[PDB]
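Chain by chain, the residues:
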Amino acid sequence: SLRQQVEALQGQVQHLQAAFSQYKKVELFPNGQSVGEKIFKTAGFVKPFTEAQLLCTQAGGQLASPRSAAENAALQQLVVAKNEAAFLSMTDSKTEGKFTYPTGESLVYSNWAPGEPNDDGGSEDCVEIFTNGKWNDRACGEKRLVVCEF
Amino acid sequence: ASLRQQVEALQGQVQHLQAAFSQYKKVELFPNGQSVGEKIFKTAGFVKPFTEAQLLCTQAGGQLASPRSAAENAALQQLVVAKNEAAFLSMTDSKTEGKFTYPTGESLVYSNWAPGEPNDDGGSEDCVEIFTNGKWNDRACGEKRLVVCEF
Amino acid sequence: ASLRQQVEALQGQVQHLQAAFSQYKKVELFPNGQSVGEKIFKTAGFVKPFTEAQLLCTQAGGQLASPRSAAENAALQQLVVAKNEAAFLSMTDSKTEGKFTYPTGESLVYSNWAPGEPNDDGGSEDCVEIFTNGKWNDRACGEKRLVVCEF
Ligand SMILES: O=P([O-])([O-])O[C@@H]1[C@H](O)[C@H](O)[C@@H](O)[C@H](O)[C@H]1O
Ligand SMILES: O=P([O-])([O-])O[C@@H]1[C@H](O)[C@H](O)[C@@H](O)[C@H](O)[C@H]1O
Ligand SMILES: [Ca+2]
Ligand SMILES: [Ca+2]
Ligand SMILES: [Ca+2]
Ligand SMILES: [Ca+2]
Ligand SMILES: [Ca+2]
Ligand SMILES: [Ca+2]
Ligand SMILES: [Ca+2]
Ligand SMILES: [Ca+2]
Ligand SMILES: [Ca+2]
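Residue numbers (full-length UniProt numbering), protein chains in the order written: chain Y, 226 to 375; chain L, 225 to 375; chain E, 225 to 375.
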């Protein structure tokens with residue numbers, strides 16, 4: 226009576242494990258990347274920073290925020306796949322020359338291209354990631370690939 | 225006894241799936257879905273005439289967007305705004321002019337008509353579109369609108 | 225007794241998880257996937273040459289579309305019709321000319337060749353495309369076709 230109910234529940238949970246694992250692969254193809262506990266997903270279109278940031282937040286995530294080389298490499302795969310540089314979440318909008326996450330926390334990882342960040346024209350407060358994975362500071366009003374993290 | 229061991233094992237398995245799946249729900253709905261209550265809207269991201277749109281949703285195991293409250297209507301409008309394209313709703317007055325019904329044939333429980341609508345303009349508007357401002361307008365079914373299904 | 229309350233609780237949780245998962249699965253497949261039996265096809269929605277397409281699917285944990293029955297073929301055909309783009313299948317006769325095999329090296333168990341196919345045209349066609357009518361043609365692997373993976 227119990228041992229039988231438990232057997233049935235075991236069957237249900239085993240099915241769910243199999244079905245969920247299949248579904249994860251389907252979901253991530255072709256626009257997602259799983260790295261550790263984080264998932265990057267591209268919207269597959271470009272927006273200016275403010276609009277990109279709102280899209281991610283409204284979706285219950287935030288803009289791509291790579292915090293290690295492995296996360297950066299995973300994000301880089303999407304950028305390469307779409308062949309479009311992407312916005313990161315980080316900006317020095319508050320204090321010029323100091324890049325912060327959306328929390329106001331200072332950077333725990335960076336991958337700046339040589340000579341960057343350079344605030345070119347005195348007006349680069351957002352960050353793009355190139356197909357080579359390197360970062361450049363860029364004007365926030367430019368349109369870049371939208372990639373959120375969950 | 226061994227029935228207890230199995231339970232605590234299962235509890236761990238269900239907790240893992242619950243956590244893992246919660247993350248995937250958010251990932252899935254970005255950028256083309258909107259959850260509202262127990263309903264999920266999902267856009268195909270392109271336009272079709274009504275008959276084609278209706279068939280796409282039905283074959284996918286759902287139906288055309290059928291907002292049944294202000295909340296559902298606002299959630300749908302978010303997609304329409306995001307895509308910048310008016311969308312078809314499920315409801316028509318094809319059977320009885322002036323009487324809009326769901327695919328089931330049930331009368332409307334909610335509507336958000338723009339002022340003066342529905343007006344059966346030209347004597348030939350039996351479908352319904354939702355605009356970027358959330359308001360509804362009867363429109364010819366042969367026109368192409370954003371395909372948004374509900375599941 | 226307490227164990228019974230726990231089994232009861234966990235089963236309600238699992239059944240709620242089952243229902244939510246089933247809903248999210250329908251949403252996931254619309255409009256770029258098709259489920260048939262235990263298999264799921266999903267298109268990337270762009271074209272690539274065969275080697276590039278095959279790598280995309282392998283890297284994603286699946287393989288190129290490999291229809292093994294009329295039912296599987298028909299499900300795949302829906303996606304091809306939807307995108308209006310012929311797709312590559314997984315199968316090649318690269319090893320032994322005229323002998324098409326799955327990635328494992330197994331001989332075909334099902335085929336749906338268009339009349340006169342496979343013909344190895346130019347004496348150089350070792351990949352397989354599926355047309356919008358669901359029929360197959362051998363095609364040079366260097367050509368670009370719709371990417372559809374199976375999982
Ligand atoms: O404006 P532009 O000379 O085409 O491009 C700039 C340069 O590549 C510069 O090295 C970089 O630091 C700037 O962020 C870019 O805007
Ligand atoms: O076709 P059109 O004359 O540009 O526009 C019409 C008008 O906007 C009318 O107010 C509305 O009720 C009709 O549904 C539309 O078709
Ligand atoms: Ca500044
Ligand atoms: Ca700056
Ligand atoms: Ca710069
Ligand atoms: Ca009429
Ligand atoms: Ca009418
Ligand atoms: Ca009207
Ligand atoms: Ca050959
Ligand atoms: Ca050949
Ligand atoms: Ca041929």
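These aren't lab readings, by the way, just hints derived from the structure by calculation. Treat each hint with caution, since some may be false.
List of simulated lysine-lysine pairs, DSSO-like, C-alpha gap at most 30 Å [claimed, not checked]:
1. Y:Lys368 <-> L:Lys250
2. Y:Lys272 <-> L:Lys323
3. Y:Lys249 <-> E:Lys272
4. Y:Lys272 <-> L:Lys307
5. L:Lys368 <-> Y:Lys368
6. L:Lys359 <-> Y:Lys307
7. L:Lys249 <-> E:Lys263
8. Y:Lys249 <-> L:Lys263
9. L:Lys250 <-> Y:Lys263
10. L:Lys263 <-> E:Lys263
11. Y:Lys323 <-> Y:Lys249
Each pair of labels, with its calculated beta carbon distance range [what the hints assert, rightly or not]:
12. E:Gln242 <-> L:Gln287: 14 to 24 Å
13. L:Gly329 <-> Y:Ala295: 32 to 42 Å
14. E:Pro339 <-> L:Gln239: 37 to 47 Å
15. Y:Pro273 <-> E:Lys319: 48 to 58 Å
16. L:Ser348 <-> Y:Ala295: 55 to 65 Å
17. L:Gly261 <-> Y:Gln229: 31 to 41 Å
18. E:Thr282 <-> L:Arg228: 37 to 47 Å
19. Y:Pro327 <-> E:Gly322: 30 to 40 Å
Every residue gets a Cβ at the ideal spot worked out from N, C-alpha and C, and that includes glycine.
Verification of the supplied hints:
{"no.": "1", "hint": "Y:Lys368 <-> L:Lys250", "verdict": "holds (24 Å)"}
{"no.": "2", "hint": "Y:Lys272 <-> L:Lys323", "verdict": "violated (42 Å)"}
{"no.": "3", "hint": "Y:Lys249 <-> E:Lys272", "verdict": "holds (23 Å)"}
{"no.": "4", "hint": "Y:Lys272 <-> L:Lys307", "verdict": "holds (13 Å)"}
{"no.": "5", "hint": "L:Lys368 <-> Y:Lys368", "verdict": "holds (29 Å)"}
{"no.": "6", "hint": "L:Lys359 <-> Y:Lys307", "verdict": "violated (35 Å)"}
{"no.": "7", "hint": "L:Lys249 <-> E:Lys263", "verdict": "holds (21 Å)"}
{"no.": "8", "hint": "Y:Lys249 <-> L:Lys263", "verdict": "holds (21 Å)"}
{"no.": "9", "hint": "L:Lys250 <-> Y:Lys263", "verdict": "holds (12 Å)"}
{"no.": "10", "hint": "L:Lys263 <-> E:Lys263", "verdict": "holds (26 Å)"}
{"no.": "11", "hint": "Y:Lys323 <-> Y:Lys249", "verdict": "violated (37 Å)"}
{"no.": "12", "hint": "E:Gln242 <-> L:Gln287: 14 to 24 Å", "verdict": "holds (22 Å)"}
{"no.": "13", "hint": "L:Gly329 <-> Y:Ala295: 32 to 42 Å", "verdict": "violated (55 Å)"}
{"no.": "14", "hint": "E:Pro339 <-> L:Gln239: 37 to 47 Å", "verdict": "violated (56 Å)"}
{"no.": "15", "hint": "Y:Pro273 <-> E:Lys319: 48 to 58 Å", "verdict": "holds (51 Å)"}
{"no.": "16", "hint": "L:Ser348 <-> Y:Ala295: 55 to 65 Å", "verdict": "holds (59 Å)"}
{"no.": "17", "hint": "L:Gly261 <-> Y:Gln229: 31 to 41 Å", "verdict": "holds (36 Å)"}
{"no.": "18", "hint": "E:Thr282 <-> L:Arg228: 37 to 47 Å", "verdict": "holds (43 Å)"}
{"no.": "19", "hint": "Y:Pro327 <-> E:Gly322: 30 to 40 Å", "verdict": "violated (59 Å)"}
This entry does not satisfy hints 2, 6, 11, 13, 14, 19, going by the numbered hints stated previously.
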